[PDB]
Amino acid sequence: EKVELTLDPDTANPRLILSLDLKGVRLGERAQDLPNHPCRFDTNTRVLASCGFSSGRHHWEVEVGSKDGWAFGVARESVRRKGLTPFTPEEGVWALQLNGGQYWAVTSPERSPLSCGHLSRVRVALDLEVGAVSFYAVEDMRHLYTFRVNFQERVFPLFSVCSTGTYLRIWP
């Protein structure tokens, strides 16, 4: 089921720059002076969508920048918000990443290089019955990667941008 997502500004790392329509995210140079709510990521360059999922099957699409520094997928609600959090499935995030000109599934203890082509837009499919989060290149809906997870709590779309000069945008 196609879901309409917006980014939740109360969760955003204060250095992120969200779009006014709450679909786009980049990294800024300077931390904004924002309320330091418990839900806000204070160190990792993350933001969640405002909608989380507890059951069923849902998908959404993400337009992705060509330059390094993004990662996106899903996170369990209980993901640590405060302090530098390892970027690993055990720490509650399941994500693809562009880093070093290369795409990765962010597995642990080593990340998993994908050898897909250039990515412009990616469909994320979450299946909470089967326990999967899957990524597809939209052009031909080619499968890129699936994490298999016995999700036991509410799961949120997750977006991260840790370098200037790239972006992610919930599409359309």
The other form holds:
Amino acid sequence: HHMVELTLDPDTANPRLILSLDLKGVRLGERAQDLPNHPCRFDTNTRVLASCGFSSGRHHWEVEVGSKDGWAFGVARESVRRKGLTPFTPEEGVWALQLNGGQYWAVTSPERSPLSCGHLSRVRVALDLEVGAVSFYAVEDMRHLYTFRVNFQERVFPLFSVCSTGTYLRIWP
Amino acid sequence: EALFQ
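Pass me the form solved in complex with its partner chain as well; I've looked at the form solved without its partner chain already.
Below is the entire complex, every chain and molecule, led by the chain shown above.
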């Protein structure tokens, strides 16, 4: 299966996040790193982008997910706000799944959409900038989790967020 | 809980 080779972009990462040495993994620490505050860096929300974004075409990757609450992942428009506390909503240009309250959610607004998908281990993300959609599938049977249909009007970046300790996200391949 | 997501 042809998947994009992605690495987490340390210049974007919230300083509380810990990125693995291979730049595939992210979790939350309780120590803020002393990092330079670039305009691209998420200074309050616990977010990081991949270093690669996309303006056209179709792209796949997979995300290995922790069993416990605290993560959300998907894609963000490049213009996603980086500074101060921002909402985690489609209006803010984030299109994500989340594990919170021991429930899986598609992060719709104003109310999140609870998913009855069973336990998740690894999720395939299918980003389609030709038709305007981002879809999520559980890898065991490729059951469909959710599709956001979006007329994306800018470059779209893989998005990861971890807002509590005790969980993680990891990029494959 | 997810305020900072």
